[PDB]
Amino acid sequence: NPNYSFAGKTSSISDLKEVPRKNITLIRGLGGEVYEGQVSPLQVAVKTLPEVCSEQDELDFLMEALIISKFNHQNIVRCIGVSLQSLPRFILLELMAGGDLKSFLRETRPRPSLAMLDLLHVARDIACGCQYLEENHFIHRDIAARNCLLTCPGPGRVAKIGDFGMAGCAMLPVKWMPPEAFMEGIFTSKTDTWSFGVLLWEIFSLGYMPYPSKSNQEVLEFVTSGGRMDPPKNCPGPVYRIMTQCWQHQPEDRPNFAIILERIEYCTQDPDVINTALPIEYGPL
């Protein structure tokens, strides 16, 4: 893994707070496996390492805790502690009661709630987290709505970057990947920029699958030939323009996340943008 060597040298197991297993209570499943837990009371999310897994997974599990614990930013999920001295091993994580962003968007579509400014705040939150990660030379490699988490559903919600770790050629999230990534296996901060553009599309489409009527292979051929997605319905031009800049064919021509964050902030200053009505779904279609 491209992050293990650096994290291993510059972060200690002693940095991880071992919580006695007796003080941890699993309350319910949320979605290895992830539970809502309680520490004696702190409310937490608990990721488990299934006992059937291997020694490579042992490393992967420890490294997830070490890597998360390395960061300190409001828009990146917190590691709260660990319980590695008991089986199955736990990682204790910030509980995000809003759930994943993709599910949130699909379930909160306006029906016969959300406003444009709400979407912009989510995008700003994640862009803020990405800028922090870029500034610390960390390449996420799977920026997507499915890996973004929300503190709560209502106003004042905060979005944060996580990684559920779901990512052969059939497992590649090709629809979030720039050409140099899915053709050459090259990952940089500018490949995260591309993915963020696709995340923006997800957000302002209110949770549609990217390239809705296309398979992965069709997208591969589409994108390598210069093809790009059209704007989501009712998407403001300034927002779409950010997407298309994230999707420049050459990474050198894509903005960094400092620029992306600035441009999103500018959108929140434009009444014509934030007063744009989101589309409304008519049941009978």
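In this text, rigid core is short for the largest set of C-alphas that superpose within 1.5 Å between two forms. Numbering follows the first chain given and starts at 1. First, how it differs from the form deposited in another entry.
Relative to the superposed rigid core, the position of the CA of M209 differs between the two forms by less than 2 Å.
A displacement of less than 2 angstroms separates the C-alpha positions of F104 between the two forms, with the rigid core held in common. Put the two forms on the same core and the Cα of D15 is off by 2 Å or more between the two forms.
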Second form
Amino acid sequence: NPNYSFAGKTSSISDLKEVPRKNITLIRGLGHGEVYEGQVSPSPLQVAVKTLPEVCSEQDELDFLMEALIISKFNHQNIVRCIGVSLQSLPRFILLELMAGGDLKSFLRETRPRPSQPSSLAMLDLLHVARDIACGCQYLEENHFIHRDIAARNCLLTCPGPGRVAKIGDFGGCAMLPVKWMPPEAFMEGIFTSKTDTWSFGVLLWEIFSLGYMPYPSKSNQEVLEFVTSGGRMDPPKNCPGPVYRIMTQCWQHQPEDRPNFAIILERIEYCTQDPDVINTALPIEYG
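What does the same protein look like in the form deposited in another entry, given that the last one was the form deposited in one PDB entry?
Next up is only this chain, free of partner chains and other molecules.
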């Protein structure tokens, strides 16, 4: 039993809300540690169920428990909820707010304006997603928590249709490191502040406004590392309003001190949202 500290409050395995296994029913797979759609029981609660493999390392067990502690203490509308856990039966479960819209990256790619559906997305949809995540990030920042992998793949959506809400819903010899989302100083002193998350948010913004493209498309991890360290920056996504691209380039200031905090990022997203020239910009139609 390790303890976890968040907002000056310490919690352990015993503070987690244990849900009796018999109350939990798995309905279908979602992805993969595998994830299921589930329900907890007239009016059951539908949830997502993250499982721990029964045959796993000791470190796997510890990582799984620590994750549950961390997520359970987050309390914000743009961060996916932990409903409870079921650790006293095998395989062990973590129960999460079901995000029926899936991940943001897949969504953007699938919902690109095409000849089949030319009005599938608008600029305002993108700015609302951007605002939603910025709001989750500001909460993390205010509570002195650094995420380290603010990326489209780690954002989830409440529902596929309109009225969708984006939320931070996943965490991230270094071939696994999210290099394309990391600021120059991450590789230097390896130290993290919330200005790390500011940088990654700029990359997320590029991901959002490019409609789900991989950052630095023709560049590998090491190429990106050297590019970014030498001052290299991405071009604007296709049809990207200038005001939106300026948010990205401010997030990507080499000096962390010169980067905006999330309060400032939100203000600038809001000014963009109020600009008719920005929100009336047509998104590019991908040829289908």
